[PDB]
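Dock chains H, A, U and G with the ligands against chain E, hints included.
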Amino acid sequence: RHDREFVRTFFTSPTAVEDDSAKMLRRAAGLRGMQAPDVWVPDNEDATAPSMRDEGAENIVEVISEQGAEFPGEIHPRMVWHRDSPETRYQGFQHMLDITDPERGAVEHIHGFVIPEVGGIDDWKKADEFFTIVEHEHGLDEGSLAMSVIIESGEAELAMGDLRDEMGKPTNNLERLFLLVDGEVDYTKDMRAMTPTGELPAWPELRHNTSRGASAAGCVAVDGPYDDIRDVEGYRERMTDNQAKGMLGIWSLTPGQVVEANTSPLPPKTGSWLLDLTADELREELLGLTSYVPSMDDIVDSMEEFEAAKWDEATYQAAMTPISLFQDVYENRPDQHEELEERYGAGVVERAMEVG
Amino acid sequence: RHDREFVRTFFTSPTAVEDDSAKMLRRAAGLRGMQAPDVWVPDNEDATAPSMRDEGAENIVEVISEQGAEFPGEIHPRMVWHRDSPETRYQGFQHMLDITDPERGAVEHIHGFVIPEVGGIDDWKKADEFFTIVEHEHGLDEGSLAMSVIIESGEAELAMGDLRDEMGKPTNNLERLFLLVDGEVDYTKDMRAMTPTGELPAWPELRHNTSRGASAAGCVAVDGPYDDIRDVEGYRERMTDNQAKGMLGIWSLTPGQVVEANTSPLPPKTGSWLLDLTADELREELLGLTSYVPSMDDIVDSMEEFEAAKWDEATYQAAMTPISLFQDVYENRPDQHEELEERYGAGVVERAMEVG
Amino acid sequence: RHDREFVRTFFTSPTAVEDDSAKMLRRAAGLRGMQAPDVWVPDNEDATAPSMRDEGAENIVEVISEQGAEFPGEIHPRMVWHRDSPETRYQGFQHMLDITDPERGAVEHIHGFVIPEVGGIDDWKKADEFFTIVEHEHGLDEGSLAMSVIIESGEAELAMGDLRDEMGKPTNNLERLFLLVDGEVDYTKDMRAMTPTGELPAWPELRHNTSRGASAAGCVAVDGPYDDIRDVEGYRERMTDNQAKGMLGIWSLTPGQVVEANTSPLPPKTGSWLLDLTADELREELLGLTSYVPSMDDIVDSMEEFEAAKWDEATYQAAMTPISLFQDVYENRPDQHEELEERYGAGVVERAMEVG
Amino acid sequence: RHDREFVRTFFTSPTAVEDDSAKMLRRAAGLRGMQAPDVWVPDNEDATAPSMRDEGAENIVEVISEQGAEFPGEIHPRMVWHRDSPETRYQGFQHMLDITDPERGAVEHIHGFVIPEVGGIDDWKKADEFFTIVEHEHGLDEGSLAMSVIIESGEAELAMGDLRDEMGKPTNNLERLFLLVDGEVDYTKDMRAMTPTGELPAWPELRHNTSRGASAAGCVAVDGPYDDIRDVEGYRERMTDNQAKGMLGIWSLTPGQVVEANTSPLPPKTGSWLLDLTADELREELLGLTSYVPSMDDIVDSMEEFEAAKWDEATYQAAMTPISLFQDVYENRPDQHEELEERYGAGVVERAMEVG
Amino acid sequence: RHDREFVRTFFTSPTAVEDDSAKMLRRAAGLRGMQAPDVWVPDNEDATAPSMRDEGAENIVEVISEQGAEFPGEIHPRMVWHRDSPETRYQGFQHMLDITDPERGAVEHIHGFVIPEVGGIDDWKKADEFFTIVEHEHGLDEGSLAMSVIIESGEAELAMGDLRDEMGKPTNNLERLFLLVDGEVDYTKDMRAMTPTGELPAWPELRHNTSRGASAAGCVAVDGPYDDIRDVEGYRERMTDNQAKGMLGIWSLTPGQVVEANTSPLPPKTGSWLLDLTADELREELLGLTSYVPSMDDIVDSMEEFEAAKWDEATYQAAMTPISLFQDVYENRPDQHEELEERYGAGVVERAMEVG
Ligand SMILES: [Cl-]
Ligand SMILES: [Cl-]
Ligand SMILES: [Cl-]
Ligand SMILES: [Cl-]
Ligand SMILES: [Cl-]
Ligand SMILES: [Cl-]
Ligand SMILES: [Cl-]
Ligand SMILES: [Cl-]
Ligand SMILES: [Cl-]
Ligand SMILES: [Cl-]
Ligand SMILES: [Cl-]
Ligand SMILES: [Cl-]
Ligand SMILES: [Cl-]
Ligand SMILES: [Cl-]
Ligand SMILES: [Cl-]
Ligand SMILES: [Cl-]
Ligand SMILES: [K+]
Ligand SMILES: [K+]
Ligand SMILES: [K+]
Ligand SMILES: [K+]
Ligand SMILES: [K+]
Ligand SMILES: [K+]
Ligand SMILES: [K+]
Ligand SMILES: [K+]
Ligand SMILES: [K+]
Ligand SMILES: [K+]
Ligand SMILES: [K+]
Ligand SMILES: [K+]
Ligand SMILES: [K+]
Ligand SMILES: [K+]
Ligand SMILES: [K+]
Ligand code: NA
Ligand code: NA
Ligand code: NA
Ligand code: NA
Ligand code: NA
Ligand SMILES: [Pb+2]
Ligand SMILES: [Pb+2]
Ligand SMILES: [Pb+2]
Ligand SMILES: [Pb+2]
Ligand SMILES: [Pb+2]
Ligand SMILES: [Pb+2]
Ligand SMILES: [Pb+2]
Ligand SMILES: [Pb+2]
Ligand SMILES: [Pb+2]
Ligand SMILES: [Pb+2]
Ligand SMILES: [Pb+2]
Ligand SMILES: [Pb+2]
Ligand SMILES: [Pb+2]
Ligand SMILES: [Pb+2]
Ligand SMILES: [Pb+2]
Ligand SMILES: [Pb+2]
Ligand SMILES: [Pb+2]
Ligand SMILES: [Pb+2]
Ligand SMILES: [Pb+2]
Ligand SMILES: [Pb+2]
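Chains as they are written, first to last, in the authors' numbering: chain E, 5 to 22, 25 to 282, 324 to 357, 387 to 432; chain H, 5 to 22, 25 to 282, 324 to 357, 387 to 432; chain A, 5 to 22, 25 to 282, 324 to 357, 387 to 432; chain U, 5 to 22, 25 to 282, 324 to 357, 387 to 432; chain G, 5 to 22, 25 to 282, 324 to 357, 387 to 432.
Bound-form chain E, shown alone:
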């Protein structure tokens, strides 16, 4: 259905940083060769602060208009969307309409849009309908804008199961679907999962399911952000694990990740047989080798700080899980207040209840 049968790299850039707010886009747009992504995603949702998103959409039109023709990969900006926020949906749609105004010269270099936070199949149809309306409002060919989604809810994971048959209904244009991209960060929160370090679970079933959804429906599966940018070995191992599920693309957050991800699924240059101090302040190998499990006090410290500063929003949300749980317990189990105060001291308890 789409020109790229495989996509190796899916690279996001912030659209407006709060200087030239568009600086990140103009540089990403100059990337070439192995450093340039099969798919580049100017990112008007999680990569860009919310107060900056209207300037972000302006910057997307400015840059793609100016540099879009020369970009060697395909361009699919990510808009705002949420299955549970009609205001967010309408926002994304308004931005899409602006960005594709043919008089501004960007649309002709835009292959499609990425829609995050989608829900059940009826939510996907609402995004599709916006695509169709944008196309008709600006005289584009029907179906010419590809839609890609980020799978970051239980709901969306289940929705991939019924796609082949829903896609063929005549009341939608969902043949425009292109990529199915996992969003482990938000999926973790939607699932209310938690780990001692805050590292993301690996969610091998999700990735299996997205790979399968993609092959059943004629889409392309892509894995989510691997945000420990220094862990080049870990990134490679994830990509290899993914390739064994038939998920041959991955999200990249830097141009070095892009190079690594562009190279990983290609056959090696030479064969190999497998069988059954030292520097100085380069002992930051130990930062690589360590991880920290925070206490209640730490998490509450951190949150209090982040709330006053209002750790990015996703870190804050991840912490909110165990804290929301602590607070549900405290509200509903008066019989446990004594063991809890004794467990954490009352300083912390009452502070944990103020957080959120």
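No lab work stands behind these hints: they were computed from the structure. Not one of these hints is a red herring.
No copy labels: a pair is met if it fits in one copy or bridges any two.
In silico EDC-like cross-links for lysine to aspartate or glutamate, where the CA-CA straight-line distance does not exceed 16 Å:
#, residue 1, residue 2
1, 29, 61
2, 131, 172
3, 175, 128
4, 195, 161
5, 275, 415
6, 131, 171
7, 175, 161
Just chains H, A, U and G with the ligands, lined up with the frame of chain E:
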């Protein structure tokens, strides 16, 4: 939809032990603090012998009437049910009707009921309809009794996929759904699985799927019984694995498990950094460290014993898998009788065929 | 629904080898005891060269007519089929019709047929309808031919979810379904997966899902080919892993595998407790212990060879994945041609583009 | 699926009249020959006053036990049921359970039960489940009690469309379905229809749809009560119209209707060619020829009377339609009170508002 | 989807009359102008005796090869098919395959095929799959053969409701659907309807429903055979009634009907205002004005005759309805044998029971 946004512990108690048959309930009802469950489940199904289940339902009304007001958690007794037994369904429904007679004073302290052995979504609706009828027979608010299910069949696992949309149909009241609880013990038998030791498979996909079903439908996911009560470390590791799937509650079988499970998902009191004889008859550390793989002779010994005594019923059923398989082979492969007798000796063979 | 409640072994034989083309069948038909499969599958699809498949179907009728009565297991030949090839479907159906001509004496010893490469549930119905027509064309009892399928697509994996309810519709006879068999080889290609060595991924979710589909629908789950015939230990470990998912049967490719698979799910003869040079050119233990990761040059060498000879077809297809990917990249990323030539040298590049 | 391929007559009898309350049943049970129905329906729902329905169910067991063996047609008593009343459902189920106690000797002469007021297909399943439970509670063969439904809601009319496929699901026993019977009286009220005289609309589409539902699903279609017992010509014309839709059975309310309905679909005794005072107080031919359109005053008179006496309940409900409408208008259109009082006088208005 | 946006006339011809069996086809093929149909249907099903249908399919290839190029309308032969006969389905498919052999020169003048007696939507898919296989077996363009169906069952009428969404599924090619044609003759029997004269009911709902199905799915609605060929006025009135439902085409059985039907939906040549012996043996105006209602004796006479001669088969089937009903009554109501013998005399009764 329900008051408890999180549930950490789901603790079952037998309802009639064959002295005061209700003794286990009266003590469980006195538990407080960290030893008391978020959800307490007086258990009229697998925890209670079948000849005792009618006295069990009487005991549930006596105890909850007498001690129910003071119980710090929520009370959700488990009734009998089976997707393939209309008599069992009707039994559970009769017990539910008795237990909730408002003149007996228990119902006002009962938040809902737990229904085991459910099947496809149409079986869930049959349980729901019984709830609705009980509510109307006794003037309770419609939807005031929460329903929780145990997922212990392939059928039920698949049914979670279609819940969001089935729940909204006007011919049911399935918005009453609260917990989705895995039942690994019976699920193992429904799946006809088997292990060399008889240890339960870990069934990570089931737990993933139940976690996902819960987040898609507004329910709460809970894992099943960890019956090796001495293996406190194993219990903790399972809980941690679960938390990484977004399954933050677990079944508890003793008040010590309850303490462990009540504490596990709470943040630690202090931080930690991670990196890449001796006693005497306390060498029962070796019982902890060992496991035994039985032979055909052992299993048939055991079964013959258990059948004469008629190892609990679930152990017997687990054994029945390889034995049923041995017997299917023997009935259908006369060409294999010689290698089989030679394999086990004829003593055993003919005994294996009498078992069942 | 079917006579065999359990099936341990599913053993395929080529139907026409290009001497007596039927030689493999006549020998397989003589197997007895532990060396003989619960289910024997004369294989007219992947085990038999395509130019030989019409003689294959003749050989199936000759041998089963001659030796079929004495065969101790059940006989279910595999026909050609493909969800995306109407010509292949019609071929399989024509062969089935010939094979079951009651005047040729084979049908009375044939329990059913195996259908590979099935897709969504509507494709399964197309196979079912062919069964029904064959039955009526030859006066067989309706439903007397069992249908077994090979699950080797994402589509088919998803289709198992809706089977219980689709099976009961009156417009089909899908109660004839017997085995659900995983086909990891082709499933790997349908999923576009790849591994460094070319070893098959383990696909634990697929096997979980097929086991679950089987228990939900009254079918029997069977795992796919373990083609490293020398790795007897690996075969045993896979069977044990499978048994823990409730997949108690497995495909066997030699009579020794048949013995191993016939023995594996039976209880051991004696108990066991578990706890927490040397020869000469027998150093082929090292062939067992090694594996090779090929380079681009190797893969392209190999393919060029195989294409000229036109490594079996499935190996060729597995290689086609990374090469198809390399070629999609080359066609769409002119900006990457320099780093690619430098990576592999231009000899290889232009050769990689000729392959396919 | 059922013994009677055609059913001509469906004759209801009250079960307890408030003397021998069972008198009507004992006589109906003696009917023979053309005066006896293909299907006799001891009627514990609309034919029997609600305060009498528990004695009604007792009378059904007494009479059928005593006279049931000799009855020449099939016996299918009608139980209470309502799609919107869980208490009514449970009542019907309790009565069914009592009536079929095999120790009372009625069940062996009962072919099935008639369930009125059914809704969407999920409500039909709730009735089916009660049947299945009754069968298992009393050791009857599964599926031996036929279920017949009365179609008297929009919901039920739509439900016939999806029956063939819902009937085959393994979670129900709806193959027990036998008759689909129109209930024009209640259907009229469910549809909120009204006529100037109070005569029932003819509802030709309903009858078409029920006929079609019956042929699509292997059931038998039957039309509803023709309560103008003296209008023998009208009854014949309705039966002829019905026969032209493939609805070959009809409800009968007297033994004379039974004779007429038993005779109508049989071929005439001789052929016929078609082409393009007088007595005295026998001028009650004029009662036959007239009908009366009541005024608001009449209807309110009547209702006030009926409410004080608390015209049967169905007449009262039919009147409630225009009156409910008048009252919705009065509550919501204060701007219309003057034209309304002038239209009816205020005597009536304020009385019309007290009615209901 | 298809070239003809409207179809006025759908004219059937027998394919082999038992002289030149193909005589009827060769003449129909010469029709031109107003006497020639928009759609001509060489009819290998009900118009042709069953013993003649294999020569019929040969004749279709001979004539269309010889005269097909010059035919001014579109050619869509009707094949045999039945929802409940796998042998009939396979027959139709075999004939379709022969007829479209491109080496015989007919296919290039064949626009599609007409499939009668279709059932639920899954039966329509079975016909579609045969089309797809025929296309691929002979190198035709996929979808180039239009499929038209005859709606002559309750099942098929209900199936039109779900067509838009089923048509878009990727496992079928049902976008090939062209005409939806009512078959009142067989639909009458499927519905088990009956009239005093044997005239067909008008079935206005069916026609409404088929018209609606056609507009919902992008198909064209056509009414069924009006077999009283002399009643030119009646034919016109039916066509006008149809046009008011949006069913603008009708079946034609003679070239005069073709002229009438070709002219009816065209605007009149001049305007008109509407407002609120005589010959000799031309008194066959009375045959036009009369109709005969047969007795039991007549019908049984007739059937006995027709059975010995074995009134066409459809007349015989129509009679079978009341007779099947009489026989169900006689088998099940021994209490009615006396009134029945008295009603018809025993001569007739026992004869009525031998018929069938
Ligand atoms: Cl919303
Ligand atoms: Cl959603
Ligand atoms: Cl993919
Ligand atoms: Cl059941
Ligand atoms: Cl079930
Ligand atoms: Cl949860
Ligand atoms: Cl295809
Ligand atoms: Cl498919
Ligand atoms: Cl899944
Ligand atoms: Cl299985
Ligand atoms: Cl209700
Ligand atoms: Cl309803
Ligand atoms: Cl009928
Ligand atoms: Cl059939
Ligand atoms: Cl059908
Ligand atoms: Cl039309
Ligand atoms: K579409
Ligand atoms: K569309
Ligand atoms: K994939
Ligand atoms: K609901
Ligand atoms: K409800
Ligand atoms: K969860
Ligand atoms: K079926
Ligand atoms: K069938
Ligand atoms: K299984
Ligand atoms: K059923
Ligand atoms: K059933
Ligand atoms: K209405
Ligand atoms: K009918
Ligand atoms: K299609
Ligand atoms: K298609
Ligand atoms: Na490019
Ligand atoms: Na509490
Ligand atoms: Na055997
Ligand atoms: Na009888
Ligand atoms: Na033409
Ligand atoms: Pb939501
Ligand atoms: Pb997001
Ligand atoms: Pb695929
Ligand atoms: Pb602090
Ligand atoms: Pb079951
Ligand atoms: Pb259980
Ligand atoms: Pb969610
Ligand atoms: Pb022993
Ligand atoms: Pb496909
Ligand atoms: Pb294959
Ligand atoms: Pb099961
Ligand atoms: Pb080379
Ligand atoms: Pb309602
Ligand atoms: Pb009613
Ligand atoms: Pb039918
Ligand atoms: Pb008055
Ligand atoms: Pb049928
Ligand atoms: Pb026909
Ligand atoms: Pb339309
Ligand atoms: Pb005669």
